[PDB]
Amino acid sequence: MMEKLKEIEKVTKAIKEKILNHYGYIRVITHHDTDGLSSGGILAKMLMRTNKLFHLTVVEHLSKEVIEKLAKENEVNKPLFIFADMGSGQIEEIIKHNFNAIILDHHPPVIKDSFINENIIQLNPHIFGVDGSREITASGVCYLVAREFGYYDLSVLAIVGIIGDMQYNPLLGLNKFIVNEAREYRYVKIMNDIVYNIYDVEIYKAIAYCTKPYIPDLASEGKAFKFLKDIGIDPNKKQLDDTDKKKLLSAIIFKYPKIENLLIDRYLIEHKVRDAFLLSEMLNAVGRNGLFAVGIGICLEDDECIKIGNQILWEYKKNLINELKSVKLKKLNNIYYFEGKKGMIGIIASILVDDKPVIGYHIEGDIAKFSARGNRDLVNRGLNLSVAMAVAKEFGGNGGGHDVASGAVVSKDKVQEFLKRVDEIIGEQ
């Protein structure tokens, strides 16, 4: 696996030189999810340390119209663009408008070349046989560029993105290399513990609003409080010691023997928000609320942005529980689907996935926007939701993403769009 790095480090060195020798404006474009906001934080610290002022914007999707704006910015002062978690699928539109660009993306690539042309460098793990759905995230790609400057301290934000892209269990490939590098440089410590201990709130609240795992029967303050009381745990304590953890573990496993992932490898990172899993949920909640600049500030360890993050996190977690209780899951051939709120579609889908893919959507203006999630086991059986969702180009829209998670657009042909997607997932399976 060391041989993979050496092929990668030839691109990350070319990227380093491209940044060092650029003295004009710099545009950084990222997504608003945990992994995208984490990417932006890594790039922000990296660019400031190399004396680069820059302009970051956060877009929910790198649509063609987003690309046509941004293209007008080239007319005078053509920036160096840095795309994170995007660009690889839109590479033809980027070549067409002739951006000077660095693409830092773990989505399946359309052109499988690192050095597109004179103007473009594409760092994509898939180009090197590393699986961007399981072995590195966009944050991790950004970190590989940062470590050429020796910014090993930025590995903690790579860890946050590992957690936010659901690549932390199991920990494979480059992700596991990054985690080990962080531990060796003393920026992270690893500690097995019960998931509820990461929140540092009263345990009945930590249980009530937990969604990994989500347990409907305990998903309320009253029912968690009584559950803890009935087994001899102070529900008002903020951390569970070893006696309490063992009582809680076996009581939950007795009445819910299906349950999984109650014990996790917690990552305590060198960051004002020391628990990486907490920080991941904070960035997510803040992104889903449109608080892009706050999220970047959290990455930069600003106290007030972190205060806002904590308050947004718990409003979100309460909203999410209310929404999970109210969701009407509908059944087709071999996908489930539902309708929900904008900043909630993707997480509810990944919460509820079990035997078959789940595809949520919310209605915004004149179009519907979809998030589907599979499993690793479903992808092992041949799923691939990026092929499946891109059939939006049959209903006048567009789509793509990862094999295990993808989104789509257009428009008011939803159920017309759904009965197609369920058909491809038949043949793929």
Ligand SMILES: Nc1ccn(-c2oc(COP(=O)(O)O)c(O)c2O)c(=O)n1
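Numbering follows the first chain given and starts at 1. So that the term is clear: the rigid core is the largest set of C-alpha atoms that superpose within 1.5 Å between two forms. First, how it differs from the form solved in complex with the ligand.
Aligning the rigid core between these two forms and inspecting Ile95, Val201, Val327, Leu172, the C-alpha positions shift by 2 Å or more at one residue, which is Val327.
Core-superposed comparison between these two forms: CA of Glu9 displaced by less than 2 Å. After superposition on the rigid core, the Cα atom of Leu56 is displaced by less than 2 Å between these two forms. With the core held fixed, the Cα of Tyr316 is displaced between these two forms by less than 2 Å.
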Given for the second form:
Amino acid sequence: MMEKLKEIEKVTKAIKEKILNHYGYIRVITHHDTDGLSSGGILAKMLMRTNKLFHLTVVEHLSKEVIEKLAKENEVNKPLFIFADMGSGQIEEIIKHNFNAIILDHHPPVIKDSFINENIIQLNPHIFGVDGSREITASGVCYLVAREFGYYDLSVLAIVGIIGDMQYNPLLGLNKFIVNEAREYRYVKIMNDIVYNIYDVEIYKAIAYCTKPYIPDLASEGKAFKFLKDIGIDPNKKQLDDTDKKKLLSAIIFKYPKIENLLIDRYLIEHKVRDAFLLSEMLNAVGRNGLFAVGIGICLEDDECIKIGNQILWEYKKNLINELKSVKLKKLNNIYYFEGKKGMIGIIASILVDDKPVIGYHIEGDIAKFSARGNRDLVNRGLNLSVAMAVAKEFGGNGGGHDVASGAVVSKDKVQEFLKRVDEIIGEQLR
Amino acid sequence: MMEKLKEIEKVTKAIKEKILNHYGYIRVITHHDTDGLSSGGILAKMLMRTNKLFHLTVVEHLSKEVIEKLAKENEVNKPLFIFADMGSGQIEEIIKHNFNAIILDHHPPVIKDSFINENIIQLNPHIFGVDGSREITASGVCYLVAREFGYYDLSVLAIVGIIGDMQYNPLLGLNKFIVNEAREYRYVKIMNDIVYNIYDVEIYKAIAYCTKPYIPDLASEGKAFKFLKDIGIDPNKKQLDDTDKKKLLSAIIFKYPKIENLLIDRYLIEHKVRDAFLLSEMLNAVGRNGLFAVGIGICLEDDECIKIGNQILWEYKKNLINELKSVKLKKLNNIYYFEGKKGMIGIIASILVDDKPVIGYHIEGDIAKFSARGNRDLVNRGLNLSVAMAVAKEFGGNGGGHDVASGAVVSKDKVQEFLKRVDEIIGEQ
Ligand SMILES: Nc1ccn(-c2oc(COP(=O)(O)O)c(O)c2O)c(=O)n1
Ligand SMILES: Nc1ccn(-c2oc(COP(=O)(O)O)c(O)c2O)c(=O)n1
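Let's compare: the form deposited without the ligand is above, so bring in the form solved in complex with the ligand.
Every chain and every other molecule in the complex is listed next, the one we just looked at coming first.
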């Protein structure tokens, strides 16, 4: 691990030299999710500290269109482009326009070389044998650059990215090295705790609007207040102590039996939003509302951006619970399914997973698009969603993905027939 | 005076909506001095809070060449341009290239319209009879916009600009409004104190490197150390209690009875750098070293940028004391002048300013850059260095600025060009 860093150092030292020696305009292009907003915050602090002004842009996807734009900016003043959380999959188009570019990306690469030509450096963990889907995130890749300047304090934003991208449990590889470095330098403290204590609000509100895990019987202030009053916990206190937690967990197992999902390692970071899980949820809510520049401001610790962020988070959590209560969950033999809204079927499906996989779909044209979700105990019993969604190619469509998360497309009139098929495949996977 | 605000608010509310309603790119251009870097920090926070991504650039001068560049960024995706601490004098060129522009400038305006056309809003306090040399800075103009959003905490950066532009004594007009508002909202506390207590370093170092007041006989660590030893003050203390204050004031006023401004109104602001006078000096030193993005970082309260700022500031103050000892002031008929280094020219001129205007210059390639400084006494007698330095066009260049402080460029006609400015300052006085 000490040795794997030494091979990565070769690429990060060249990235550092390329940034220091460049005196023109600098363009940063990042994603809108939590990992991309954290990456943008890391790059922003790092560039400022090395005396670089820059122009930051947030894109949902790096399409052929957007790369062709931006290439128009290249014609006079060829700026240095830093791509975060993107770029590796689009590298052919980036070479094609001869960008001066640094690509900081954890997605599977098309070209497995760190040094592409004279003008392009690619920092991608897959080139070093590190799985970008479980051992490092985009904000961790940026952090690896940042630490060549000795900016260890930016490790707190990598931890946020680690949470936002769902790589915190288990904590593997480079992610584990980053957290341990942050703890060594005292930028983070680690504390096993109950998930409700990350919000610093009245516990009955934390319970009421929690979606990790979602507990339907408690998903309202009234029901949460009453449940707490019953077991002798003051519903208005903002932190459960050890006696409260024992009493809560003892009672709650009857409503939600997988109570291990309520216990987490909390990360207390050196940041105005001291809970990394809360900062992660805040960045997520802000990015889903299009408040990109506010999200950078939150990473940069601006008080007014943090105030906006807190207001937008609790609005986003209230609306999510409401959407969750409006889902009409239908049950086949081995799965659940539901029709929902185009932007949220995947989020809703992952939230609803309990004992069986959950598939949401939305009907747009005559197309019908599906998002399937399971969990790790389902995978350990033999679930693989990619092959179950592949069956879409029998109903004139396309489907695949990962064992725990997949999608598919199938003509609008074959919906019932496709779900029956998927239901049977899955039932045989789990015997 | 509350009436002038009611007239300014109409332009600030329209700047507000013009920013809110823009969803393409946004370019911010500021100056590299304390006031311009503070303006950059104010606009950066304001824009982020309103969900605006932006590209900030810091230029030393808004030259014609610089304006033709930038204008090539209009050929596809036409940004909104925000100019701070500049643009009013260059207004005609801005109109010619048809920028979508907001001008936040306290230099004397060429066109005295707030709404130039449908494309340009110009917020100049001179347009409303407020003196941009004494009663508001470029920082305060940015803050008047910011307060339309309720961003009262941004007043602390306007106060830093007030200090960097030498408008804090006397505290007048709109700057007085801004200071009082920051006090009402508890973002600043005011406390009379000796200047040397702002540095929070050993006092003999604070005396040795102080240039307001500059005391050549104390401007060394050795002499300052001895001078304090000899009156009963531990020179390694970092702050002076009242008894050592009184003992230092009388000793200084006795041996140097013309010295002034040893007692100052300190502005303790809600900012990681708590002393606004120190923050103003730190931004100046950083900007003079070309560290523009680090200075914005300091405004945004980044710890590493502030660490660099402290280191650069003390490097800069030592270098400055060495240059002051070395300067060769030369007398013409109504000005002094000297050659010095690119980062020191302006500050030395205003340190040495006493009876007549002072003009420093440095050669940089094939041209010479001039920084002329006066005082308010000289302006009250009709100085106006803006018109005087304008005669760089009579020599193939350009000049401008404030009545009390202006600059000029090109080429190697230095003594010829110098001769002409002495001429106006005769007629002007
Ligand atoms: N032939 C394929 C291969 C992969 N995938 C894929 O599926 C998800 C989750 O699915 P959604 O996010 O679309 O619900 C991904 O993250 C992802 O790369 C697919 O859909 N089809
Ligand atoms: N053509 C011009 C017009 C204005 N100014 C200007 O002058 C000062 C004081 O002068 P320096 O340039 O010596 O700092 C400024 O703050 C500043 O914006 C200039 O330099 N040239």
